[PDB]
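Undergrad: Okay, here's what each chain looks like letter by letter:
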Amino acid sequence: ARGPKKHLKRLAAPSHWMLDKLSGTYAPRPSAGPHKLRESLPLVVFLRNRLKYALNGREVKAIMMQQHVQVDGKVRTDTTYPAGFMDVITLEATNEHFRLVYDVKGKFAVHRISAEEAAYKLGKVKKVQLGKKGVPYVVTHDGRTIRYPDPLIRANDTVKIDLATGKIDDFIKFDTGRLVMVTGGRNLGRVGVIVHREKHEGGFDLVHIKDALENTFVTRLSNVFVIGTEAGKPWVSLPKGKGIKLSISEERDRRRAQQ
Amino acid sequence: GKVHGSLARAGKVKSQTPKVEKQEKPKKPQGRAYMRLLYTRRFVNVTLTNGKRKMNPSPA
Amino acid sequence: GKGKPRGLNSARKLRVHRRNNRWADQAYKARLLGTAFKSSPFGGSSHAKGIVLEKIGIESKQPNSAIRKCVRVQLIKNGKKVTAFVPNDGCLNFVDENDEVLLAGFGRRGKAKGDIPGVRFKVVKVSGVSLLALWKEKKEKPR
Amino acid sequence: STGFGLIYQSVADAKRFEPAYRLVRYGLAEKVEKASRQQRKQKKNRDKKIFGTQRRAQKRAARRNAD
Amino acid sequence: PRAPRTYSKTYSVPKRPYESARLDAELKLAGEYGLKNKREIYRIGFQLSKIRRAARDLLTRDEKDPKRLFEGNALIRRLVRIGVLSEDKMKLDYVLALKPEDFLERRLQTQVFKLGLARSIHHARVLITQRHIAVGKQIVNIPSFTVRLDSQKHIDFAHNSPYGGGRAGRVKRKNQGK
RNA sequence: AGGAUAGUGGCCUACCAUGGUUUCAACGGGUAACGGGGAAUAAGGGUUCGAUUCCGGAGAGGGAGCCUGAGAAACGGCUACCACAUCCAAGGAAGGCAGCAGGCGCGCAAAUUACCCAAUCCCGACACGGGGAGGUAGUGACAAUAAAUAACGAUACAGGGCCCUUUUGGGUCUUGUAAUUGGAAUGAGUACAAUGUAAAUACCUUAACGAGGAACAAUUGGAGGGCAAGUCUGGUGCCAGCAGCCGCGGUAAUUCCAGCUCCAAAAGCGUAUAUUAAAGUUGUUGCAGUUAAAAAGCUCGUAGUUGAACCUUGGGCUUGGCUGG
Ligand SMILES: [Mg+2]
Ligand SMILES: [Mg+2]
Ligand SMILES: [Mg+2]
Ligand SMILES: [Mg+2]
Ligand SMILES: [Mg+2]
Ligand SMILES: [Mg+2]
Ligand SMILES: [Mg+2]
Ligand SMILES: [Mg+2]
Ligand SMILES: [Mg+2]
Ligand SMILES: [Mg+2]
Ligand SMILES: [Mg+2]
Ligand SMILES: [Mg+2]
Ligand SMILES: [Mg+2]
Ligand SMILES: [Mg+2]
Ligand SMILES: [Mg+2]
Ligand SMILES: [Mg+2]
Ligand SMILES: [Mg+2]
Ligand SMILES: [Mg+2]
Ligand SMILES: [Mg+2]
Ligand SMILES: [Mg+2]
Ligand SMILES: [Mg+2]
Ligand SMILES: [Mg+2]
Ligand SMILES: [Mg+2]
Ligand SMILES: [Mg+2]
Ligand SMILES: [Mg+2]
Ligand SMILES: [Mg+2]
Ligand SMILES: [Mg+2]
Ligand SMILES: [Mg+2]
Ligand SMILES: [Mg+2]
Ligand SMILES: [Mg+2]
Ligand SMILES: [Mg+2]
Ligand SMILES: [Mg+2]
Ligand SMILES: [Mg+2]
Ligand SMILES: [Mg+2]
Ligand SMILES: [Mg+2]
Ligand SMILES: [Mg+2]
Ligand SMILES: [Mg+2]
Ligand SMILES: [Mg+2]
Ligand SMILES: [Mg+2]
Ligand SMILES: [Mg+2]
Ligand SMILES: [Mg+2]
Ligand SMILES: [Mg+2]
Ligand SMILES: [Mg+2]
Ligand SMILES: [Mg+2]
Ligand SMILES: [Mg+2]
Ligand SMILES: [Mg+2]
Ligand SMILES: [Mg+2]
Ligand SMILES: [Mg+2]
Ligand SMILES: [Mg+2]
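Chains as they are written, first to last, in the working numbering: chain A, 1 to 259; chain B, 1 to 60; chain C, 1 to 143; chain D, 1 to 67; chain E, 1 to 178.
Be aware that a few hints might be false.
What the hints assert, rightly or not - Listed below are the simulated DSS-like cross-link pairs for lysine-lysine, each with C-alpha atoms no more than 27 Å apart in a straight line: (1) A:36 x A:105; (2) A:74 x A:127; (3) B:28 x C:136; (4) A:167 x A:127; (5) B:28 x E:28; (6) A:61 x A:21; (7) B:19 x C:136; (8) B:2 x C:55; (9) E:28 x E:15; (10) C:139 x B:22; (11) E:38 x B:54; (12) C:141 x B:22.
Hint data in this document are derived by calculation from the structure and do not stem from the laboratory.
Between the sequences and the hints, there should be enough to build the whole structure, so can you do that?
TA: In structure tokens form, the structure reads like this:
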């Protein structure tokens with residue numbers, strides 16, 4: 001079509017943004033960045049639709065042009081910057097630190113974290129290979145390139161990023177029993193431990209995950225993010241709900257008792 | 001089939017119909033009021049002739 | 001065995017046989033052959049404008065005896081000539097030669113109605129003014 | 001009635017982070033006076049036909065019309 | 001362009017236009033509830049016709065089915081909430097037994113007349129349309145406003161109405177002011 | 001094997017084989033054919049539609065060829081030809097609304113040459129500029145929602161309802177009639193004003209004004225049947241006309257033209273065309289083929305469709321989760 005698209009129709013935007021139909025014709029098209037278009041959250045949506053700090057798109061640009069917003073310890077002024085899973089957003093004017101972790105309803109939760117926890121992040125290792133001059137490197141889920149990794153680190157593992165120097169503190173090998181959050185599919189946001197990894201050469205490997213309520217679901221390996229060395233030991237603070245999916249009848253019962 | 005004929009008699013009956021003006025009668029009620037009028041007329045003051053019920057009885 | 005195949009793998013025979021036999025439905029033939037597009041004087045439209053050629057009058061069919069007062073109209077869109085009935089007592093006097101009339105069908109969907117022979121259309125408007133408005137003296141003909 | 005309200009820490013802060021039309025409502029600013037959109041667009045397209053300075057363009061156009 | 005805005009029809013007409021049994025039943029039913037026209041009767045029948053369709057689908061499912069339990073209880077609860085269904089008939093078999101007069105009982109027009117605030121049902125509609133009746137602290141001028149059970153006790157004259165402690169109306173002010 | 005491409009590849013070339021598709025419908029023709037998400041109708045099964053708010057594709061009068069660039073065979077870029085077509089001082093020059101608005105033509109068929117970047121977003125060197133993208137208003141009975149056009153009294157007069165009662169005569173409370181009588185209530189409209197908005201309009205609130213024939217006056221179709229509602233009155237007299245169909249009209253026409261009355265739906269109602277259900281009149285569910293339409297004159301026969309029965313059963317032992325009670 002003669003070139004890249006630059007617009008995003010409101011109806012064609014990712015559904016987890018929870019945008020309303022009648023507010024306009026278009027939706028924010030996320031810029032190119034560390035995270036994929038379909039799996040990101042532009043900062044305009046976060047500052048106006050989620051926190052409701054800004055009343056409109058003019059105000060979110062005013063906020064970011066005064067150098068308030070930092071992503072992963074660096075000031076960002078791109079209103080459509082594609083923030084994604086495990087990214088850290090810092091607003092030192094409000095003294096708030098957020099981490100983008102999926103909640104069990106499939107959306108990006110407003111998950112506040114402590115300043116101590118905001119000093120690092122986790123990244124899923126996509127590939128390990130040798131660069132020029134024979135230097136090995138690791139590519140994380142947010143496009144980071146870390147040189148000289150621990151030689152035991154392989155793909156589908158999770159590394160702990162120092163997030164100020166970009167180095168690896170330590171890692172978690174992908175194996176049975178590791179704590180996992182699902183980052184894709186209809187089981188998105190659920191948290192459990194690996195029960196069984198089912199291999200399919202030439203196809204898609206499937207992972208069996210057990211919920212804290214001993215509910216079992218299956219999802220693709222590309223949607224699996226290792227977040228802990230074992231059950232009940234996540235390396236980052238989980239959002240409210242701890243990633244356990246309840247049925248609608250259970251949710252109705254819980255809501256009745258709460259109110 | 002054969003098609004032809006004199007056109008001189010077009011509008012014959014309507015032209016020679018004697019013009020009669022409408023008597024300036026009371027307006028009928030509109031909307032909910034008209035439904036109220038019809039309901040009573042058919043279920044409150046019934047005008048049946050011992051099983052012979054007519055909406056528009058001609059004078060006879 | 002009811003004279004038609006019943007096997008679970010005989011869907012092609014069933015599909016082709018039904019497809020062949022819907023051609024016996026004349027309603028179906030006209031939709032796919034496009035006969036309204038090709039043969040109908042209106043070309044498939046509901047209405048069509050035209051110019052009045054002459055006032056003539058059509059004798060009714062038996063056992064009725066009357067002069068159905070019609071006009072000869074040449075359609076603007078394709079130049080075809082059709083006969084159109086002029087409804088109501090005396091509305092032929094509202095229609096003159098070389099007037100622009102809006103036509104519509106008689107409602108029998110391509111067949112003649114009643115005792116009127118060979119007429120499938122009726123006059124709706126003349127000179128851009130409704131014939132009913134002229135008949136009830138709601139409007140006057142612009143002339 | 002229901003509405004929305006903002007309170008700034010100072011008038012200076014308010015004048016910086018406010019839309020122009022609200023300051024005009026409160027009398028804190030003057031409505032900017034500009035030509036209509038038709039005039040601005042027509043003038044922009046008229047200037048598109050001139051390469052270089054306007055002074056050079058009108059002097060050269062003037063030279064052609066020896067009148 | 002902008003996303004389309006959804007809309008739908010809220011009634012359906014009978015298949016046979018002329019039927020003395022249905023015409024007499026409708027007029028008898030319109031006269032009892034002071035309805036403006038037959039469309040207000042078609043509207044109740046339309047939404048009741050689709051209530052039955054929803055109930056039939058759940059009734060074909062096995063008992064203790066998750067969808068039947070969740071949506072069936074919610075539909076019953078909603079019907080109990082507006083006072084159409086009695087508290088002792090929450091079985092989804094009495095839902096099929098509902099009748100249009102059950103729905104017309106819960107209209108604002110019916111409740112104003114039945115609470116004694118009006119002389120007749122036709123006085124109720126004009127009182128509603130003329131901004132005299134308030135539910136809670138909110139003026140409601142829609143006769144078809146369906147009264148909830150918890151809103152039933154809060155139907156009274158508007159606080160700014162001549163009949164409910166407000167000032168005298170336009171007509172009285174012109175007479176007593178001369 | 002090479003060339004070319006960003007790259008695979010008969011994509012192209014050289015040399016060489018004779019292959020490739022097809023009754024499981026190739027190839028060709030038609031399409032009043034852009035595909036899909038979806039729309040109408042729908043017991044089920046279905047039938048019809050999808051130019052059009054989103055996604056993908058294609059095009060910028062018709063072809064073809066290119067420059068720049070990461071990206072275009074781009075057309076609000078160029079080059080050339082064809083068809084249209086503009087100015088000219090006659091030497092020459094300049095074009096592309098299937099962008100917005102608007103005009104002509106075409107037609108049964110579709111709105112303003114309006115305001116603005118305030119919202120939604122996009123572009124740029126960018127906190128600032130630009131955006132007929134977009135938003136706002138205008139026209140707008142395309143469709144959709146809610147919903148006025150009156151309500152209540154008082155008397156009169158009648159009937160029922162009761163009661164004082166045998167009826168009689170009354171007291172008296174529920175309806176119906178009132179050119180038979182009132183005082184209340186309100187928004188349509190208008191309006192200070194505030195709100196609304198970029199600025200307005202409108203909406204929403206709200207002073208003052210704003211309803212008796214409350215002329216602030218509801219219409220569209222019908223009244224033989226189908227199909228609800230006239231054997232009323234006048235006119236015409238196989239004429240005029242009505243009539244989807246059956247039929248009506250020749251001097252009291254239940255059908256025409258009118259008046260009265262009545263019926264149906266109502267801010268909507270009628271007509272034309274298409275389509276769906278009704279249609280078990282396309283039938284897989286689920287039609288018919290002696291005589292209503294319909295078994296090839298008779299056998300053979302390829303593809304197609306369809307094809308007898310049969311191979312670990314029974315028994316025993318423990319065994320969990322649930323469902324009466
Ligand atoms: Mg990246
Ligand atoms: Mg990053
Ligand atoms: Mg058909
Ligand atoms: Mg006949
Ligand atoms: Mg005309
Ligand atoms: Mg310039
Ligand atoms: Mg310039
Ligand atoms: Mg009746
Ligand atoms: Mg090769
Ligand atoms: Mg190649
Ligand atoms: Mg086409
Ligand atoms: Mg199509
Ligand atoms: Mg069906
Ligand atoms: Mg479509
Ligand atoms: Mg389409
Ligand atoms: Mg077309
Ligand atoms: Mg459309
Ligand atoms: Mg498109
Ligand atoms: Mg193109
Ligand atoms: Mg064109
Ligand atoms: Mg373009
Ligand atoms: Mg081109
Ligand atoms: Mg153009
Ligand atoms: Mg245009
Ligand atoms: Mg139109
Ligand atoms: Mg126009
Ligand atoms: Mg608007
Ligand atoms: Mg009116
Ligand atoms: Mg007004
Ligand atoms: Mg006004
Ligand atoms: Mg203002
Ligand atoms: Mg009428
Ligand atoms: Mg008549
Ligand atoms: Mg009848
Ligand atoms: Mg019939
Ligand atoms: Mg006579
Ligand atoms: Mg007579
Ligand atoms: Mg007579
Ligand atoms: Mg009769
Ligand atoms: Mg008739
Ligand atoms: Mg009605
Ligand atoms: Mg059926
Ligand atoms: Mg047939
Ligand atoms: Mg048969
Ligand atoms: Mg048959
Ligand atoms: Mg025979
Ligand atoms: Mg034989
Ligand atoms: Mg043969
Ligand atoms: Mg077998």
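Undergrad: Against each hint, give a clear statement of whether it holds in the structure.
TA: Hint by hint, here is what the structure shows:
{"no.": "1", "hint": "A:36 x A:105", "result": "holds (20 Å)"}
{"no.": "2", "hint": "A:74 x A:127", "result": "holds (25 Å)"}
{"no.": "3", "hint": "B:28 x C:136", "result": "holds (23 Å)"}
{"no.": "4", "hint": "A:167 x A:127", "result": "holds (16 Å)"}
{"no.": "5", "hint": "B:28 x E:28", "result": "holds (20 Å)"}
{"no.": "6", "hint": "A:61 x A:21", "result": "holds (23 Å)"}
{"no.": "7", "hint": "B:19 x C:136", "result": "holds (13 Å)"}
{"no.": "8", "hint": "B:2 x C:55", "result": "holds (15 Å)"}
{"no.": "9", "hint": "E:28 x E:15", "result": "holds (20 Å)"}
{"no.": "10", "hint": "C:139 x B:22", "result": "holds (20 Å)"}
{"no.": "11", "hint": "E:38 x B:54", "result": "holds (22 Å)"}
{"no.": "12", "hint": "C:141 x B:22", "result": "holds (26 Å)"}
Of the numbered hints given earlier, the model fails none.
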